[PDB]
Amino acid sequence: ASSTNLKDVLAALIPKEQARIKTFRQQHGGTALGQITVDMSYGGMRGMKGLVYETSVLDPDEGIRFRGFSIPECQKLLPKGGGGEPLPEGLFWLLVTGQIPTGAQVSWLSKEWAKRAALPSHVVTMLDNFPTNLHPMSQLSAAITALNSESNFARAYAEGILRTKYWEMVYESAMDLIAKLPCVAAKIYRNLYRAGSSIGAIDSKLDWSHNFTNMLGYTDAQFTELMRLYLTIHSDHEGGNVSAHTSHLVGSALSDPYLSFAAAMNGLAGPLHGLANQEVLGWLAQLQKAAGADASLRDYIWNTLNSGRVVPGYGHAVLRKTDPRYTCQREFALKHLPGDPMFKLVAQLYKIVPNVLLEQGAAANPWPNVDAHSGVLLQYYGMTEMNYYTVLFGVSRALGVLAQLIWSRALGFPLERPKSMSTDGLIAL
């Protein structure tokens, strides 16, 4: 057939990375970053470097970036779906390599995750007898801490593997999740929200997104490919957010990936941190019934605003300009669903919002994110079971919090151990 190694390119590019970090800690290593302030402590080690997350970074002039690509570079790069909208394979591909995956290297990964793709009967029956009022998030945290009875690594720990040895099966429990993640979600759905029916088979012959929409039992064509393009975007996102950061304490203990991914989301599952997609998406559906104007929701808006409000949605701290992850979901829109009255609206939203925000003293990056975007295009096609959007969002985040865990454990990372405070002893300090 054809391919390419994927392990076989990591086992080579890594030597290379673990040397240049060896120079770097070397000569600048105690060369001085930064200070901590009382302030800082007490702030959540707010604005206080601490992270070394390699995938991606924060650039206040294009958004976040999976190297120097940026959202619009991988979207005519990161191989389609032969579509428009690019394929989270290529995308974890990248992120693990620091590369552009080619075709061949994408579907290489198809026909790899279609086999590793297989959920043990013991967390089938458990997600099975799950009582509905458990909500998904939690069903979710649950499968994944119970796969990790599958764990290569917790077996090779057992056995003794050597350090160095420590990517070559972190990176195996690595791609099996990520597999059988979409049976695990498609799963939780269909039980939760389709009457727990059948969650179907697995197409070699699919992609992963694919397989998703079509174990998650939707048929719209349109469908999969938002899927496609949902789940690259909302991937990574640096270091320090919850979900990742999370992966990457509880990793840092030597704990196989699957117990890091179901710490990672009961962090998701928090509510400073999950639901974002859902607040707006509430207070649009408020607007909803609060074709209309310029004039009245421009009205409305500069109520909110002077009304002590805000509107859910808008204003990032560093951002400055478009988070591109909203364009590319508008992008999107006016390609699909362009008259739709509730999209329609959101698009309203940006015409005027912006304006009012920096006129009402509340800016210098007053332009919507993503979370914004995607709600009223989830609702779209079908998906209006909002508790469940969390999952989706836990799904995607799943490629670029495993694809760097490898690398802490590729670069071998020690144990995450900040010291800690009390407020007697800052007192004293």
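Only the largest set of C-alpha atoms that superpose within 1.5 Å between the two forms is called the rigid core. Positions refer to the first chain, counted from 1. First, how it differs from the form deposited in another entry.
Core superposition between the two forms leaves every listed residue (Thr145, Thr246, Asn191, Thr304) with a C-alpha shift below 2 angstroms except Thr304. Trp283: CA moves 2 Å or more between the two forms after rigid-core fitting. Once the rigid core is overlaid between the two forms, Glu385 does not reach a Cα shift of 2 Å, moving by less than that.
The Cα position of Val401 differs by less than 2 Å between the two forms after fitting on the rigid core.
Follow the form deposited in one PDB entry with the form deposited in another entry, if you could.
Below you will find a single chain and nothing else.
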């Protein structure tokens, strides 16, 4: 008997994994997987194997994998709206469960995320009173903190449920959070950029991406496809990235999913992280102000470097090759917006930047990362408010970090609490 329910599948999956990780540890817990050096410690844990994070794994050379699925594999395997790009809904199923969903599974996520998307009056209030000089990432993160009022996990805990059931309330709060996100994000958009307008209603019959582009106010049918692609690829990027790691750290202490996502956002907002989104456009925007020569392009790049700034959109803590997400995005431009002058500048930069970065001899990875290519896409469709881009990253990111959050608590991962040391201390060691 019966029909679709991710929670029921999860209920079947949790014990098996539990069992699976216990024996493995029973035989291998003592196994040394690596060493820790002084340089690693002073270096941002660079190179340290520190966390278990199941939904995605990043390879230095190949780039990110969703099961063990690459982006190109996803592109082909996840269901589409009708009509070429993968639905983030499907990606979500995949991350959570390990399996590729059927269209029908996927339609369930949509309907479910539509049913859940409702914003409480205190939140609508705050967002409406916020200043327009308050950064959109800020506005977003405060709003999601303010939603914790509603946490099902926070309430359950308060009531004293048994640890074992944590994963269950975490999942409710995760599905609700994901549902609400686009409404908060769009209300911010509308407030800042479309004063006096309203985000409108969620239509249970559309997919999450499309409802989002509706609330944003975009009509272009290719924009909708860009959206689906965007939110899918930005999903997850293994556990060690700042945003994911922050949510993992905060969530380990038993802060509900709302609070942990919000702190995640404060991390995504950093220039070295997701704000790169925005930094790239601004830097292009300056570049153009000051159709240029490779040589003038090269002078420009030098002057950034010489000034103690970074060139945004290039480099990566783990990747050592061009980000497939970058490729992914290039391939979308080549199809749809090949004559775009901003596009052409980004294509041209790919020719120079790496070379300049190899010349300088500092960046361990001179190739571009996702952020170098994403804004150019948005701008083309009319979405030119750059300080807003990171919000969109914020939205996607929720898919991966929440999908994992549920597993963490399901597997009972404890408090993340490493040892620190001071220089004096280490000097002495």
